[PDB]
Amino acid sequence: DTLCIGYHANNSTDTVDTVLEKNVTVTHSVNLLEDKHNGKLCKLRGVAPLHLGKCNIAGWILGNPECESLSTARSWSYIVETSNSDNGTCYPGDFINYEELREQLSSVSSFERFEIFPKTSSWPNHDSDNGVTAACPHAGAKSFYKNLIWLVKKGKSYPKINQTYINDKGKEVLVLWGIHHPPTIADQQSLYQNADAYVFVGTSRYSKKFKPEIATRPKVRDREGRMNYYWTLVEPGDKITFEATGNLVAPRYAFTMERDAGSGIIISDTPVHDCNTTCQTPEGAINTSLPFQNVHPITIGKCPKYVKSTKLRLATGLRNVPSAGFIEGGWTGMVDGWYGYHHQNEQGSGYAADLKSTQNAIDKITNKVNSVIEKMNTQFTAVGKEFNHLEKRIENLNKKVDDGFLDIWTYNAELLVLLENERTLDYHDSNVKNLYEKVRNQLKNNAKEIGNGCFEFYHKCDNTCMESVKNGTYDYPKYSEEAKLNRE
Amino acid sequence: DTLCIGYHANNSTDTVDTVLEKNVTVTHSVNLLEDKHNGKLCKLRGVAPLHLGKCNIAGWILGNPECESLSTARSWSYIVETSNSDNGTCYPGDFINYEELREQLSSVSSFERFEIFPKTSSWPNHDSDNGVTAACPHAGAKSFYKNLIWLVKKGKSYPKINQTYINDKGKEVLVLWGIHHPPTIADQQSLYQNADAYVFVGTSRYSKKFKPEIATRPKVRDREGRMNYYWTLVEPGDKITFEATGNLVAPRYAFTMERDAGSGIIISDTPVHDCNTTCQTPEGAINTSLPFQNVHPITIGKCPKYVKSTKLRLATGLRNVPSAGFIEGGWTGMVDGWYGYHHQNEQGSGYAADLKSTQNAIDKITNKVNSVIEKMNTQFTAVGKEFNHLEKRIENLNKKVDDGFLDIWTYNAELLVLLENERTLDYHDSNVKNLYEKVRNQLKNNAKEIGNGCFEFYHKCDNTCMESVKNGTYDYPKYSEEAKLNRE
Amino acid sequence: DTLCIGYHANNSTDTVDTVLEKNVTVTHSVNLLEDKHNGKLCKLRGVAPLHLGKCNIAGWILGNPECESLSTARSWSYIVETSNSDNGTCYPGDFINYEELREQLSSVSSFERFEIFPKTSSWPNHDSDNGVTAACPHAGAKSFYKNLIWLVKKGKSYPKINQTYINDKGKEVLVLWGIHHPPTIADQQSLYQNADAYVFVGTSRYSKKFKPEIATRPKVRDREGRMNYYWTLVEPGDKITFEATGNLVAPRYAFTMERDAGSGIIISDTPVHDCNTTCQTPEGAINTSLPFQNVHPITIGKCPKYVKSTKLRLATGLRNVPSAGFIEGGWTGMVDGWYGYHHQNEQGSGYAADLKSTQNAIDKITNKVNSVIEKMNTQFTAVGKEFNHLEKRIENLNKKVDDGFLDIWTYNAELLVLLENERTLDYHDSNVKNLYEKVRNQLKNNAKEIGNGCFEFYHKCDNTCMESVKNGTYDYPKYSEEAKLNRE
Ligand SMILES: *[C@@H]1O[C@H](CO)[C@@H](O[C@@H]2O[C@H](CO)[C@@H](O[C@@H]3O[C@H](CO)[C@@H](O)[C@H](O)[C@@H]3O)[C@H](O)[C@H]2NC(C)=O)[C@H](O)[C@H]1NC(C)=O
Ligand SMILES: *[C@@H]1O[C@H](CO)[C@@H](O[C@@H]2O[C@H](CO)[C@@H](O[C@@H]3O[C@H](CO)[C@@H](O)[C@H](O)[C@@H]3O)[C@H](O)[C@H]2NC(C)=O)[C@H](O)[C@H]1NC(C)=O
Ligand SMILES: *[C@@H]1O[C@H](CO)[C@@H](O[C@@H]2O[C@H](CO)[C@@H](O[C@@H]3O[C@H](CO)[C@@H](O)[C@H](O)[C@@H]3O)[C@H](O)[C@H]2NC(C)=O)[C@H](O)[C@H]1NC(C)=O
Ligand SMILES: *[C@@H]1O[C@H](CO)[C@@H](O[C@@H]2O[C@H](CO)[C@@H](O)[C@H](O)[C@H]2NC(C)=O)[C@H](O)[C@H]1NC(C)=O
Ligand SMILES: *[C@@H]1O[C@H](CO)[C@@H](O[C@@H]2O[C@H](CO)[C@@H](O)[C@H](O)[C@H]2NC(C)=O)[C@H](O)[C@H]1NC(C)=O
Ligand SMILES: *[C@@H]1O[C@H](CO)[C@@H](O[C@@H]2O[C@H](CO)[C@@H](O)[C@H](O)[C@H]2NC(C)=O)[C@H](O)[C@H]1NC(C)=O
Ligand SMILES: *[C@@H]1O[C@H](CO)[C@@H](O)[C@H](O)[C@H]1NC(C)=O
Ligand SMILES: *[C@@H]1O[C@H](CO)[C@@H](O)[C@H](O)[C@H]1NC(C)=O
Ligand SMILES: *[C@@H]1O[C@H](CO)[C@@H](O)[C@H](O)[C@H]1NC(C)=O
Ligand SMILES: *[C@@H]1O[C@H](CO)[C@@H](O)[C@H](O)[C@H]1NC(C)=O
Ligand SMILES: *[C@@H]1O[C@H](CO)[C@@H](O)[C@H](O)[C@H]1NC(C)=O
Ligand SMILES: *[C@@H]1O[C@H](CO)[C@@H](O)[C@H](O)[C@H]1NC(C)=O
Ligand SMILES: *[C@@H]1O[C@H](CO)[C@@H](O)[C@H](O)[C@H]1NC(C)=O
Ligand SMILES: *[C@@H]1O[C@H](CO)[C@@H](O)[C@H](O)[C@H]1NC(C)=O
Ligand SMILES: *[C@@H]1O[C@H](CO)[C@@H](O)[C@H](O)[C@H]1NC(C)=O
Ligand SMILES: *[C@@H]1O[C@H](CO)[C@@H](O)[C@H](O)[C@H]1NC(C)=O
Ligand SMILES: *[C@@H]1O[C@H](CO)[C@@H](O)[C@H](O)[C@H]1NC(C)=O
Ligand SMILES: *[C@@H]1O[C@H](CO)[C@@H](O)[C@H](O)[C@H]1NC(C)=O
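Protein chains in written order, with the entry's author numbering: chain B, 1 to 323, 334 to 498; chain C, 1 to 323, 334 to 498; chain A, 1 to 323, 334 to 498.
Hints in this document: simulated from the structure, not taken from any laboratory.
Just so you know, not all the hints are guaranteed correct.
Taking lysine-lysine and the DSS-like style, the derived pairs with C-alpha atoms no more than 25 Å apart in a straight line are [said to hold, decoys possible]:
id, chain 1, residue 1, chain 2, residue 2
1, C, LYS211, B, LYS208
2, A, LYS119, A, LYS160
3, B, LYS302, A, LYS402
4, C, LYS443, C, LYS374
5, C, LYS395, B, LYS409
6, C, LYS366, C, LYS443
7, B, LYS374, A, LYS311
8, A, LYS402, B, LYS308
9, C, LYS54, C, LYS43
10, B, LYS410, C, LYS119
11, C, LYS443, A, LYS443
12, C, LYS119, C, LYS308
13, B, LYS458, B, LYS488
To list a few chain C residues with every Cβ distance to chain A over 10 Å, as calculated [as the list claims (entries may be wrong)]:
id, residue
14, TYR98
15, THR232
16, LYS366
17, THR420
18, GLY461
19, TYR489
Backbone N, C-alpha and C define an ideal beta-carbon position, used for all residues, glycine too.
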C-alpha cells in the first residue's frame, strides 16, 4: 500500500501577506499588531493617575473654586484632563513657562500641599479676607483662588512684604505666586497706594524682578487688568525671599515634592478603573506583550511602537490548501500536529502527526516569533509633548521626529514580516521536503515515488513498515526480494 | 536530438551589486534612486508658489519699495527667494520672532492685503506723508515701506494713538507694526516731542509693552537709530488695540489669512515654469514614484527619502552571461521572455520562451519590486528648517536628527537592495532549477542529462516531443522501447 | 577505500546566536561590538584636546585665579572638564546663554588671548587696581578675574565709558563682559556714585540695554550682590561699542577665534596621553573599524553607533561539532582551510583542504562581513548635548531622539546579525552540499553513497583517484569494468 507525506490543513481563513504573493491563507498565525484596547484609564506602574476632571492643571495648582479634591494619589504616574477642561486660570493672563510646570508635575513620587505661609497672622497689617473677585465665582458671591492669597492694602498704607522661608523639610519645595497688572492707574492707586509698585524674588539659583504694565485691554471674562503666574523650585537647604512694595498674589500653600523621570499628560473622557496597567493611550489602556500597536500614536509607559499598518501577521502554520501528498495539498483528516504520515497496514488508515519532527519545528518556530518580540528593547517614555503659540519651529521639529520614526517603523515592520513570512512559508516546504528525503534514506530504490509527493511500497507489510520508518531501520535487501516481481 | 534549458541573455551592461559579489551584470534592473531632476521651480499641489524675486520675506511683508508685485498666487504651496535676496529690512534692526513669521507664512490657503487702517484720515492730528528716509530710496528721493506708516508729530504735539480694530472678517488676521529707537535724545525730542515714549499693544491672547533704547550705534546703511518689527495674530471675533504716546510705525495694511499645515522656504535662482509637481528640491522639481533620492536633502511635499548612495539598483532580470545549457550561460538567440527551451524536430531549431513560467515569475517579481515602493508611507513634510544666531543647540539637534535618518536610510537601503538582490539572483536560479526538475518529472530515466544543464533524448521524435513537455504528458514506457538500444 | 567530505572543526568555544537556534558554537567569528576601550583621553583628529582640570569653562574664559594654563593647544578638538570642576563663576550669578557659549567654544581652529583693551591707561580717570573681592581669593588677599576688569569710581566721580574697538584682525572676535548688581542702594552709591546706572552695548548684528536690580538676596559664597556675564561675536570689519554710566565689568582681554563645525564637551577624570584618535567616549578613547559599540552612549568624532546589546557576533566559520562525513560531524584532523577531502590510496590517510573552493568561499564571506561595516556611513558628530534648568521639554525631546536611535539600532542590529547568521550557517551547508554534488557530477553511478555523507569507491585506485576528483576528469566507462563485480 501507499505511504503519503504532507501536512495538516485547517478550516480557518487566517491570511498573511508575503512579498512574493498577496492575500494567501495560512493555518495558524501570530498577530503582532494590537487593534483592540481596554477602553479605560487605569492604574499604572503600581499607582493611580491624577484625574483632574472638569479642571486643568492651571486651575488645580491654583486650586480653582470649581475644582476640589484630594490628590488622586499621594503618588501618581500621569495627569489626566477630561476632554472638556474649560476651567483654569479663571482670572485671565499668561501662566509663564506653563508648559514647563506641566512637565515637572506630570509624575511625582510624593506630594503634600502644606501651608508654608499660613493664613493665620503671617500677614499682619495687610488684608487677606477681601481679595476676591467675580471672575471665579462661587455661591454667586465674590471668591478667589484657594492656594494663593491676593493681598490688598489695609487702611491707607501698604507695608512692604519681607517674607522668607528656609527649606528645612528635606525635599524639593515647589513654590508659586502671582503678580497683578491693574488696568488703570486709578485701580492701582486705590488697591496698592503706590504707583512705583514692584516685586523682587530672591533665591540662590534664581532671582528676578517684576513690574506692573498698567494699560487698558480687551475684556475677557469681563476682566480688564490681568494676572501673571510664576513659579520656582527651591532646593534642599536653599532659601526663598519675597519682597514687594506693591502688586502681589503671595503664596499661602507651597507644595512638598519629589520627582522621578516622569511621563506626561493625557486628555480624554474615558472613565477611571482599578485594573493595573503598563502601557497607556488616550483612548484606553493596553495590556500586551507585542512590539507594535496602531490604536493611537500618543502613549505613556513601556510603549509598543506605533505603526500605520493594519495586518502585521506572522505565519506559524503552513500554506492552507485543502484542495495524495503535499504536492496536491494537505489533510484536514489530521489533527494536533503539523507534518505527518498517512500509512496503511492490515488495520491501516492511520493518519498521524510525526511528533519528533513537529516538536523540532515548533521549537524553532516559537523561538522565531519570540525573537521578533523579546529583542524589542522597549523603555519608559512619554511620546506626546506640548508647545505653545510661538514655538512652532520646535513643534514641527517634534513632528518631523514623530513621523520619521513612524515612517521608519512601518517600512521596517511591513518589510520585516514580509521577509520572515517569505522565509517561514518556504521553511515549512523545506522541512517537509527534507523529511521526504529522510524517508528516501531508507527508500532509496525500494519504492515507487509518484509526482503527488507519495510512495507506493513494492511489497506487502504490516505496521512493522511504519515501525521501520519511525525508527529508520529498514534491512533493505530482504525486502527487495518480495518487491522483486513488482519492480520487474 | 537535444532539449536544452536556460535563460535569455542580453546585450545590455546594467550592473547591480550583491552582498556576495560586487559589480555583477544583470539583464534588466529597476533603478530606485533618482539622479536626475527637471531643473525648474514648479506648480505644486494644484497651486503656484510665491516667488519673491530680488526681495526677501522681511521686505515683501513690509512691502519694500524695491519689490512690487501681486501675490504670485492667491494660494501658494511654498515661498521661494532667489539666491541673491539682498533687499529686505532696509531700515536696520531685528525682526522679532522673524523665523516664526517665516514659518507661518510658508503656505496659505488664502491671503489678501487689506487696508484695515486706511491712509485716508485714520490719523487726524498726525503726519502720515513725510515719514520717509534715504535708507530705502526711490527716484533718489526719500521713501519708506508701503505696508507700514511711520507716524510723526504734526505741528508741536503728539496726541496719543488709541486705534482699535475688531476682527469682523471671519478669518485669522495677521497684523504687524514697527517701533523706532532714535539714536539720540535730540532726535527723539524733535520727532516725537516726548522722552517718556512707550507703546502698548492689547489683545486677549497677548499683551506686551515696548520702550525706546536711545543710544548711539555703529552705522549700517548709514542709519544710526534702529527699528524693531513685531507681529500678531488676532483670532476671529478678537480685538486688537494700539496705544502709543510716542514711537510707532503703525500698521496701515493688515492681512487676511488662513493657514493649512504648510511647508517651508526654498532659496535658489531656478526659473518658474507651469508644469504640475508633487515633490520639490532647491535645485529642481521631481516627478517620481520611487522611494529614494539623492539630489538634495532639502525637500518639500511628498518627499522621497534622501540617501548618500549612488547605485540602488534592484535586479529584475537574470545574471547576464553570453559566454548548451544554463550552466554554460544564457542565450542571446532568445527574445521576449526569460526562461525557455531550445528544441529540435524535423523542422527544429526552435528557441522559445516558456510563457506560463515566465509570466508566473514576472507576476511575483513585479509584486516584489513594487512592494519596496508601495509600502514606503511617504507623507507631507518640509525637511529644511531655520535657526538664528543664538539657537545653535537646537540647530545642531536638528542636524543630529537629519543625519540620523540619513545614516539609517543609507544603511537600511544599501543593505536592503543587497539582501533582495542576493535573494532574486538565486531566485532565478532556483526557478530555473525547479523548471528543470519539472522536466525530470517526465524524464525520470528516459533521457541522458549532461553537465551543461541539458538533455539528450534517447530516441527520435517530431515536435510532439515538445508537445509532450509543454503539456507534461509523456506516456513513458512506450518511448523506452525506441530508447532501448541507445540506453543499452 | 573511501572518499569523505566535510569540514574543519576546531577547539574553540566561540558562540553565535541564530534566530532558529540559540547559543550555538561556530569555529570562527567576527565580533562587531567593542566591549573594550583604551582608558585614556587622547589626541584626536591631529590635535590635542583642551583639558581644563580643576576649573570649568565659566572659570577658564573668565580666567579664575585658581585656573592658570596656556590653551592646551592653539588648536583643539574638544573640551574636557574633570569630574571635579567646582571652580567656576566664583562670584555668583547666571552666565547668560552659558550653554550656548559652551557650544561655540567646543572646538576652535585657532584661539589667541589678546589684550584688546590693555590694562595700561586704556582706563584713565577710573580704577582698575582695586576691583577685587574675597569671593575668589589668593594668598588670603582679595583677588579677581584676570580676563575681566571690574572698574570702580576714582575719587568721587564716574566718567561715562565710551570704549570702542574695530575688528581689524581679520577674524571672528569673541568679546565678553560682566554687569554688577549691588545688593543695596548703599553699596551702589558708594561704588558707582550713581543711582541711574545703566549699560549699553552696540554692534551691527546686535544691540541691547542692561540695568541693575538692587535687592537683597540669600548668601552664596557669602556674596549678596551678584554678577551677570554676557558675550558677543563681532564679525570682521564690524565695530563694537560700550557705554556705561555705571555698573560695568569691562573686558581687558578679548579673544581671536575661528570655528569649524565642532564637537562638544566631555566630563571625566581619565588622564591625557599622546596617542592619536578618531573616536571618543567619556571613559576612554577607542580605535576601531567596527559599526557598533556599547561602552558609552556619549561620543565625539566618527562615532560607532551605540547599542544596548552584548554579543553581536557574525559567523565566518562553520557549525562547530567534533562529535565519516559532514552528516556525522567535522574533522579536527584538518587544518588551514574549511571544506575538504579525506581520501585513501596506497600511501593514503590524506586530510587536505580544497583550496580553490575554500578560497572561493572566503572571498565572498570576507566581502559579506565587510559589507556590513564599509556601508555604515559614519560621520562627525557630538551626541551629548546640554540643557539648563528650564529647557526640560527640549531636554526630553533630545532624550526621545537618543533612545529612538538606540531602540532602532538594537532592533536593527540584533535582527540583522540573526538573519545573516541564519544565512551564513546554512550558506556553509549549501556550499558543502554543492561540493558533494560537484563530486556526483563524476560519481553519478560508480560509487556507493552512505548516509554519513561519504563515498565508498567500487574499485581500487592510487592517488590518481584524487587526481580525477581534484581535476574533475574521470573517464567513467573505462573504469567501470573494475567496479563491475562490486556493483554486482
Ligand atoms: C495591582 O497592583 C497592586 C499594587 O499596586 C497589587 O497589590 C499587590 O498586593 C499584594 C497583597 O495583596 C502584595 O503582596 C504582599 O505585599 C505585602 C506588602 O504590601 C507583603 O508584606 C506580602 O509579603 C506580599 O508580598 C503585592 O506586592 C502587591 N503588588 C505589587 C506589585 O506590589 C494588586 O494585587 C494588583 N491587582 C491586580 C488585579 O493585578
Ligand atoms: C495642472 O493642474 C491644474 C490644476 O491646478 C490642472 O487643471 C485641470 O484642468 C481641467 C480642465 O482642463 C480640470 O477639469 C475640469 O475642471 C472643472 C472645474 O475647473 C470641472 O467642472 C470639470 O468637471 C473638470 O474636472 C481639472 O479638474 C483640473 N485639475 C484639477 C486637479 O482640478 C491642469 O490641467 C494640470 N496640467 C497639467 C499639464 O498637468
Ligand atoms: C600622530 O599624529 C601626528 C600629527 O598630529 C603625527 O605626526 C606625523 O609626523 C611625521 C613626522 O615624520 C609627519 O611626516 C612629515 O611631515 C612633514 C610636515 O610636518 C612633511 O613635510 C613630510 O613630508 C612628512 O609628511 C607626518 O606628516 C605627521 N602626521 C600628519 C598626519 O601630518 C604622528 O606621527 C602621529 N603619531 C602616531 C603614534 O600615530
Ligand atoms: C468654569 O468656571 C466658569 C466661571 O468661572 C464658567 O464659565 C461660565 O459658564 C457659563 C455656563 O456654565 C457661561 O454661560 C458663562 O458665560 C461663563 N462665564 C463667563 C464669565 O463667561 C464655566 O462654566 C466653568 N467651566 C466648567 C467646565 O464647568
Ligand atoms: C537693496 O536696496 C539697497 C538700498 O536700499 C541697495 O543697496 C545699494 O547697493 C549698491 C550696489 O547695487 C551699493 O553700491 C550701495 O552702496 C547700496 N546702498 C546702501 C545704502 O548700502 C541694493 O542694491 C538693493 N538690492 C538689490 C538686490 O537690488
Ligand atoms: C574653588 O575656589 C573656592 C573658593 O574660591 C574653593 O571653595 C572653598 O573650598 C573649601 C574646601 O576646599 C571650603 O571649605 C570653603 O568654604 C570654600 N569657600 C567658599 C567661599 O565657599 C574651592 O575649594 C575651589 N575648588 C577647587 C576644586 O579647588
Ligand atoms: C473549525 O475551526 C474552529 C476554530 O478553531 C474550531 O472551533 C471548529 O471546531 C472547527 N470546525 C470544524 C468542523 O473543523
Ligand atoms: C483577499 O481575499 C479577500 C476575501 O476573499 C478578497 O475580498 C480580496 O479581494 C482579496 N484580495 C485581493 C488583493 O484581491
Ligand atoms: C527683612 O528680613 C530680614 C531677615 O533677616 C531682616 O534682617 C531685615 O531687617 C528685614 N527688613 C529689611 C528692610 O530688610
Ligand atoms: C521506536 O520508536 C520510538 C519513538 O521514536 C522509540 O521510543 C523506540 O525506542 C524505538 N524503538 C526501537 C527498537 O528503535
Ligand atoms: C541591444 O540593446 C539595445 C537596448 O536594449 C537595443 O535597442 C538593440 O537593438 C540591441 N542590439 C543588438 C544588436 O542586440
Ligand atoms: C566594475 O567594472 C567597471 C567596468 O570595467 C569598472 O569601471 C569598475 O571599476 C568595476 N568595479 C569593481 C568593484 O571592480
Ligand atoms: C480710547 O478708545 C476707547 C474705545 O472704546 C474709548 O472709550 C476711550 O475713551 C478712548 N480714549 C482713552 C484715553 O482711552
Ligand atoms: C497543450 O498546451 C497548451 C498550452 O499550455 C494548452 O492550451 C493545450 O490545451 C494543451 N493541450 C491539451 C490537449 O490540453
Ligand atoms: C586550540 O586553539 C587555540 C586558539 O586557536 C590554539 O592556540 C591552540 O593551539 C589550539 N590547541 C589545540 C590542542 O588544538
Ligand atoms: C549557553 O551555554 C552556556 C555554557 O557555555 C550555558 O550556561 C547557557 O545556559 C547556555 N545558554 C542557554 C540559553 O541555555
Ligand atoms: C564717544 O566716542 C565717539 C567715537 O569715538 C566720539 O565721536 C564721541 O564724541 C564720544 N563721546 C560721546 C559723548 O559720544
Ligand atoms: C590538476 O589540478 C591542478 C590544481 O588545480 C592544476 O594546476 C592542473 O593544471 C590540473 N591538471 C591538468 C592536467 O590540467
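Evaluated hints:
1. Between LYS211 of chain C and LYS208 of chain B the alpha-carbon distance is near 20 Å, which keeps this suggested pair within the 25 Å criterion.
2. Between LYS119 of chain A and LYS160 of chain A, the direct Cα distance comes to roughly 17 Å. Compliance with the 25 Å bound is thereby established for this hinted pair.
3. Between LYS302 of chain B and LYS402 of chain A the CA atoms are separated by roughly 21 Å; this keeps the pair inside 25 Å, and the hint holds.
4. Only pairs whose Cα atoms come within 25 Å are accepted, and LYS443 of chain C paired with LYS374 of chain C is accepted, the gap being roughly 17 Å.
5. The hinted pair formed by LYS395 of chain C and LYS409 of chain B meets the criterion: a straight-line CA distance of about 12 Å does not exceed 25 Å.
6. Under the criterion of a C-alpha separation no larger than 25 Å, the hint pairing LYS366 of chain C with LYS443 of chain C is consistent with the structure, at around 16 Å.
7. A hinted pair counts as satisfied when its Cα atoms are at most 25 Å apart, and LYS374 of chain B with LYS311 of chain A qualifies at roughly 20 Å.
8. Among the hinted pairs, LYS402 of chain A with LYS308 of chain B is inconsistent with the structure: their alpha-carbon atoms are about 29 Å apart, more than 25 Å.
9. Taken as a hint, the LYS54 of chain C and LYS43 of chain C pair is honoured in the structure, with Cα atoms around 20 Å apart against an allowance of 25 Å.
10. For the hint pairing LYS410 of chain B with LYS119 of chain C, the CA-to-CA distance comes to about 43 Å; that exceeds 25 Å, so the pair is violated.
11. Note on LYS443 of chain C and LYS443 of chain A: the hinted pairing holds, with a Cα-Cα distance of about 16 Å set against a maximum of 25 Å.
12. Taking the CA atoms of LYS119 of chain C and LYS308 of chain C, the gap is about 55 Å. The hint is violated against a cut of 25 Å.
13. Restraint check: the Cα-Cα separation between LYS458 of chain B and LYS488 of chain B comes to about 17 Å, which is no more than 25 Å; the hinted pair holds.
14. With a least CB separation of 13 Å from chain A, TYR98 of chain C remains clear of the 10 Å interface cut-off, as annotated.
15. Remark: the non-interface label on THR232 of chain C is consistent with the geometry, its nearest Cβ contact in chain A lying 23 Å away (cut-off 10 Å).
16. Distance check for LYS366 of chain C against chain A: the nearest CB is about 28 Å away, which clears 10 Å, and the non-interface claim stands.
17. Annotated as non-interface, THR420 of chain C brings its C-beta within 10 Å of a C-beta of chain A; the closest such distance is 5 Å.
18. Taking the minimum C-beta to C-beta distance to chain A, about 5 Å, the non-interface status of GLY461 of chain C is violated against the 10 Å cut.
19. With a cut of 10 Å on Cβ distances, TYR489 of chain C stays outside the contact zone with chain A, its closest approach being about 22 Å.
Going down the numbered hints, you'll see the structure goes against 8, 10, 12, 17 and 18, while the others check out.
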